[PDB]
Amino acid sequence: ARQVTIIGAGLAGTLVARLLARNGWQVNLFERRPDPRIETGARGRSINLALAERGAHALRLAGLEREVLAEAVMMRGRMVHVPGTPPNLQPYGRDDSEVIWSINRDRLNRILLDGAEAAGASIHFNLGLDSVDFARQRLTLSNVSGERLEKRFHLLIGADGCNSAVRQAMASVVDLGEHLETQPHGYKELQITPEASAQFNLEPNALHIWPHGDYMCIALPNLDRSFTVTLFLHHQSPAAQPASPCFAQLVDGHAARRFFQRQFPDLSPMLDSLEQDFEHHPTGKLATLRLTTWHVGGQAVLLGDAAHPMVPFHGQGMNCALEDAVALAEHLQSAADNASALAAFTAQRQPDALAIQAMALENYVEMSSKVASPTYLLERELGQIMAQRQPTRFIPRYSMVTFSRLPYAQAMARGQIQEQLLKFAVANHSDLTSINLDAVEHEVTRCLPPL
């Protein structure tokens, strides 16, 4: 009676499992990793994520928001660390009282798994999808230890991440028209201990950034006052500058230390285990991957990172994946057949995914310049003034993405109109006093309707 098989008990897969099982679907969820709810003496290396209104609202629909927020650290603003000034807290939003939540990935995953099982989903861990035969609707799963399993499916949901095996298998039965846009930046995950964070008075209730042009660090807080730090830096040196910093040069921990002490002097002292973490934590790859479609008939569909890998510079990948899960469950529950459901899900979500993929790419330059043209600065100055005058019409794209549930595609479209307005108003002006705010405001209401 309405059967579904989900590959990937990650963020999207576990949430859609709950929503469907809730609705009376027979749900089986297969996961390559062990069950994180089985307590061990290990301590999780806390990947932590920014949870925004979008993501929170998706959890709210599933009745899990309260539980997740109880284990999330409130970030009331962005702490920018740049040389020559003390830490600069930029309160989020307008009233200076919007927030973003920092949630440990594993804690969130545990809560979602309990939610799925509570709803009736059956979860099987330590089983990795190897292949799919779409003519027989058969799956082949394996473990590096315990071995081989063949299973039929009725409907298959690929929630199996940026390297989706389901996506790989689908490419045969439909042209996905995939295009990968590789990212010159890699990333490295590092840690600040509770001890060091207190010693240097690092603010727990904020998102911290250390901008440095073509490379940067960010840090998100944990409940225990530790911070998870991410370094974004080129894999290799580029043609135009063959000796600029990159991972290729940082051949060991001592090299990494030299790099931090020079380029991030206030951060380095806080990274006690920099050498170890650097050598034992693998260097991550970033990329944007776009598909023309996310489903094969009514047989299988992709969502979350499986459907739309994006660069992490907007902190929205998880948020988008949770939104996807809600949308997929809604379509599966209102459709003439599964094929129509999957096509309608794709038509709804694919434009939104394209929009956040593009917006995330652009968000990099915003975070990490702190070298900005006076034109860019004047544009920002003007945009804040416009938001003040017309709070209902002019909403900074970042706020639309982060603090509202307006569809990504709409946020991009309005952001584009706002961008045009500002640039034409600011062009060939040295400063703000030459700008006629009245003329500019007139254009905001002309070109920008209320939501």
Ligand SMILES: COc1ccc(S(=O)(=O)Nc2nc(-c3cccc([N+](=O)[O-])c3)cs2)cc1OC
Second form
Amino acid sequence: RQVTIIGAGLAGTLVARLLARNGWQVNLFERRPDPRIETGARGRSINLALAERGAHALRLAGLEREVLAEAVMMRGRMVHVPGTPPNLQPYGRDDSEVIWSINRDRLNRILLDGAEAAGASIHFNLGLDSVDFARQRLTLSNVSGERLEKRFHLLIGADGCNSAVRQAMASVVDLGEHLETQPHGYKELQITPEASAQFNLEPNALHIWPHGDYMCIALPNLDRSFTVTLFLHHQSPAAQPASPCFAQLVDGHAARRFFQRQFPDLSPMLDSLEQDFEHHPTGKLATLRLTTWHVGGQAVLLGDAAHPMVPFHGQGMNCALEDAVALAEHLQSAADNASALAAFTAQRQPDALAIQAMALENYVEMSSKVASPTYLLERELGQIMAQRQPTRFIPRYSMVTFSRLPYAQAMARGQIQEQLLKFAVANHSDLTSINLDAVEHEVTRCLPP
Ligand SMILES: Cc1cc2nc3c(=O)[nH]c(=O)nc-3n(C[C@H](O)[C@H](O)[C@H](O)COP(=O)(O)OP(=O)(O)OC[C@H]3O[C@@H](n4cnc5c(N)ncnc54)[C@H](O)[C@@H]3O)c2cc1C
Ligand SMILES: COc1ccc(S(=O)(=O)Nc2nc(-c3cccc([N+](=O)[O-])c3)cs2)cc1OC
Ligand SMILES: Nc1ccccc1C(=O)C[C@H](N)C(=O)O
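Structure of the form deposited with the named molecule bound, please, following the form deposited without the named molecule?
Now the complete complex, all chains and molecules, led by this one.
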């Protein structure tokens, strides 16, 4: 039937295309101006990691080829630690599995074009303000001030981590929200193609410079430049009041000092550091959990609107595209919007909750320069079991990243798997001491195919 979608980011535009193909009258409203008009700007140039999960959703929409055409392939993770040979941990035990680096703005344009080619009407320069649920009315506003009321039948809030739809819903039901804040902010920097080729930075990998309480990440672009993200506390905790934070970094020069002392091997590749640091705003992170994502058959949330998460597993978009697929499936196969929205929430909620936890946990893996003898021993054993039983023992990263297993099933399995490894490894100094066959027997006993 009819649907009104608020937000033409990743979730909203994908879901609009799918509803529009399956014969829905679709209207998508977007606060921002159409980004497809050509200008003299270079842009923000944000990079996102697209995994098998998200790529699959795009495959379902018939958009995979177009998106992949502009993606840079990442074959492994490259971990840079000073006084160390930058070691490339490939993705898998083979190299069929990959992660793609796609420019966020390219992706969005592909998506918009795909939304319209399916029949969706997109309306830019219009932000949701309010929602009258009793009288089924929407109020939008344009920056020039004016207001515009539209009726609606189904409302889809795909309007991002500060969703106004979610906010409107909260006015009329209790969403049981729990906000968990992240002490890290982030800041976007760049490594130019000039700098990139000079340092022989491998373009075809994900780069990370771990630093404990803070770290940098780098995904590459078609032009061989890299987009770089610094995760750092906003403020130093009470305990260690001298530790690095954004507060102490009060201009490019303090920032350059910070980088030259703490990231000596990364700093010389960051030519425009001072500029980037003063102009680009410091971003905030948070995990937000809701018990309910819908109001009867009137309104549902998906993507970041429904479940903001920390970026540490690189799965936010991947999850959002997955949500879009699931929502359209439900809306299509259900007796009514009510059944469809409930059914959607019941399916996707557990998965949102699972990746939200896994992303929070992923921080410390990425962040520690030297892993502990325990984690390293477990990881060694886990690879060995992964070779011997690829139907049963699949490392959690791979379940999440390189597979389509529901996020919750990944979590549940990684729970059993890690338990297995922990007990196998305790009171052992290294693999010498561990009988592999006994461990394989336990893997087989404990983990269903
Ligand atoms: C630093 C950082 C790094 C990340 N890296 C990755 C990664 O590597 N891989 C990955 O999969 N995910 C990553 N993510 C997360 C990912 O970007 C998000 O989960 C994804 O963008 C969510 O998509 P969405 O459609 O639900 O929300 P959005 O993409 O934010 O889209 C909502 C759309 O909302 C429109 N909008 C907002 N408010 C209104 C309004 N009031 N009225 C009308 N329209 C509105 C927005 O302007 C936009 O058009 C990262 C996030 C951050 C912060
Ligand atoms: C909470 O912690 C864990 C949670 C889950 C697992 S697991 O069950 O999924 N098993 C395993 N994953 C790997 C693995 C292998 C190769 C590279 C990577 N990698 O992310 O770079 C991981 C090795 S063992 C292990 C854990 O270890 C502490
Ligand atoms: N894009 C990101 C942004 C911030 C933090 C991590 C990422 C990742 O790429 C996740 C990757 N799969 C990882 O295991 O570290």
